[PDB]
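J.: As a plain string of letters, each chain reads:
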Amino acid sequence: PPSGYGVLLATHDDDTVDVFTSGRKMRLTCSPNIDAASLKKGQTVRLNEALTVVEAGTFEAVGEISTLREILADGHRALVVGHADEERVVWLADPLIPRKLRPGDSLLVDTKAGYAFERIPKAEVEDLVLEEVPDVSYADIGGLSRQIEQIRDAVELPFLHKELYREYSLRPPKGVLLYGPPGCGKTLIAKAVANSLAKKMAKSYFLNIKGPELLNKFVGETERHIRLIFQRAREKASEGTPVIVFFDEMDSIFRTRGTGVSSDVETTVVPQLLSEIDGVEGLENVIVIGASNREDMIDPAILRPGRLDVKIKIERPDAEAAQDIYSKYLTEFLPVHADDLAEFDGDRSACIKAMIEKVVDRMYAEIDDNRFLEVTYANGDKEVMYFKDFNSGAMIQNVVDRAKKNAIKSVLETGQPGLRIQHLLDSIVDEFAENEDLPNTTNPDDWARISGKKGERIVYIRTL
Amino acid sequence: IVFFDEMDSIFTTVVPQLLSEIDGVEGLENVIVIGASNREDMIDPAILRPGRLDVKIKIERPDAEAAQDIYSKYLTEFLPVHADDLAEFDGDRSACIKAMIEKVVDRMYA
Amino acid sequence: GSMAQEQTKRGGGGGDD
Ligand SMILES: Nc1ncnc2c1ncn2[C@@H]1O[C@H](COP(=O)(O)OP(=O)(O)OP(=O)(O)O)[C@@H](O)[C@H]1O
Ligand SMILES: [Mg+2]
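Residue numbers (the authors' numbering), protein chains in the order written: chain C, 97 to 193, 211 to 315, 326 to 587; chain D, 367 to 377, 390 to 488; chain G, -1 to 15.
If you are wondering where the hints come from, they were derived from the structure by calculation, not from laboratory data. Be careful, since some hints might not be right.
[Said to hold, decoys possible] Derived contacts from chain C toward chain G, CB cut-off under 7 Å, selection only:
hint, residue
1, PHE341
2, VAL342
3, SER386
By construction, the Cβ of each residue, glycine as well, lies at the ideal position given by its N, Cα and C atoms.
Please construct the entire structure, taking both the sequences and the accompanying hints into account.
T.: Structure follows, in structure tokens:
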């Protein structure tokens, strides 16, 4: 009745097998009950006192774990490194030969037997490269309908009907570059398109990496971090599912490879990324999306057509876009003043729409009550730049938050559960009482661009 | 409570990273970020923008009475008292301590 | 504003059989 266990090594044409047991390799014969053809390398085999294989089960689930270094060209062996940097050339079991194993993978091995059984997932490597689930939708973004259409055309359509593209032999876009004034909603568009692609498939994966997080004190770490990020992206996309990689605040890292900063390591970081996008090895289902409020500071090598070929310019919202944003951030469920509710006879939607219209009319006006800045150009002409030329979406959010805070103060002072239009009207002028980083030093680059649009160089900036 | 001390020494720089971390921790409303700085002028107004660090509290010193209150907190009634000084207050330890605190505070702010 | 290169210092370690 008692029976031992052993590790199968290989099969022979003589209907004989090799079994590792008790630290020794032996030549055995399979029992007539079992079929020698069904045997697989590394499979546990049940032995007996007569040293005959009678049954083969699954693979061993316990033992040491080693880091994979390389796969030998023969395709049946792998070089791995032990815990104490001891290097072993171990056999690969049948399950090892998802995606093919890469260097750095952890394998369950037993040194005495010398076989690699199972690839053991590691939580640390998964945590190193974050993959969150975006929740922002196209509804949350207003006033950028044409930009949403463009990003749908450059991302959604190639994967909706990719068979049509293959029939037309069209290559799906490989890079999208969002640029514009700060606070205009660069990250929201990327999050929305990622969420839409995630819902569209019926599976995708999204990688978000920030700018400063790719900076290290030593030399040679940012490049290997980028290499690991792109290796993860390739691993995820090898199954055929599209993968989106988003670089946030590309202005800070990998600037112009020329003069740029007088003391920076940038000259050795941008080419690596270039080699990760265009090179002898070409990624297949990876889309790189970059967002930077300073498009002129980005490396022209990155901006070359073929890498980040799609270029979208976000612009500051106008009056209609401001109304759209206010409608997005003001819902029917929001409490309103009882007087307005009585005036609208319970038509809450009409009340909030009218309040939004009044607010956006107040914000966009040439009256000297909404003066923001005084600009003197090279010709010497003084022009009053009002809020109309600096109505960013984040500014609208701050206005709404301040108005809601004023409403909280009013309801805690009086007790009536409502929101007054005068609250938002006062918040409009109280928004610029505190700095919103819109004003800057003598000659900012944004104001230089605005002057280039105007045609006369801006020389004097005065707070009003 | 995450407290930052002597933040006037600092503030293209580390400010965007701090702002990003503050925005990330904004979801955790239980965590309270408290910053201290003796020079409000040198502090970059970007952190003072509406939103994250909206509440600002100004503190000062010692209104003399607080120094007395501080002396009462430090020089409690359990400290030894000289018999000669007790002779001036018929052995009332609390009254003697209060009078001594008043005297020392008055002399210090003289 | 400068980069560094690391030199390792091996720590003592010994096992039996
Ligand atoms: N349609 C819209 N257009 C612009 N901004 C919007 C819109 N809807 C919401 N916002 C607000 O704009 C803010 C900024 O959005 P987003 O993160 O996409 O840009 P950003 O990266 O913060 O801009 P910056 O590059 O200046 O940091 C968000 O907090 C959001 O509340
Ligand atoms: Mg952003």
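J.: Each hint needs a verdict: does it hold in this structure or not?
T.: A quick look at each hint next to the structure:
1. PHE341: Holds - the Cβ of C:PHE341 comes within 7 Å of chain G, reaching about 5 Å at its closest.
2. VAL342: Holds, about 4 Å.
3. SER386: Holds, because the Cβ-Cβ distance from C:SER386 to chain G comes to roughly 5 Å (cut-off 7 Å).
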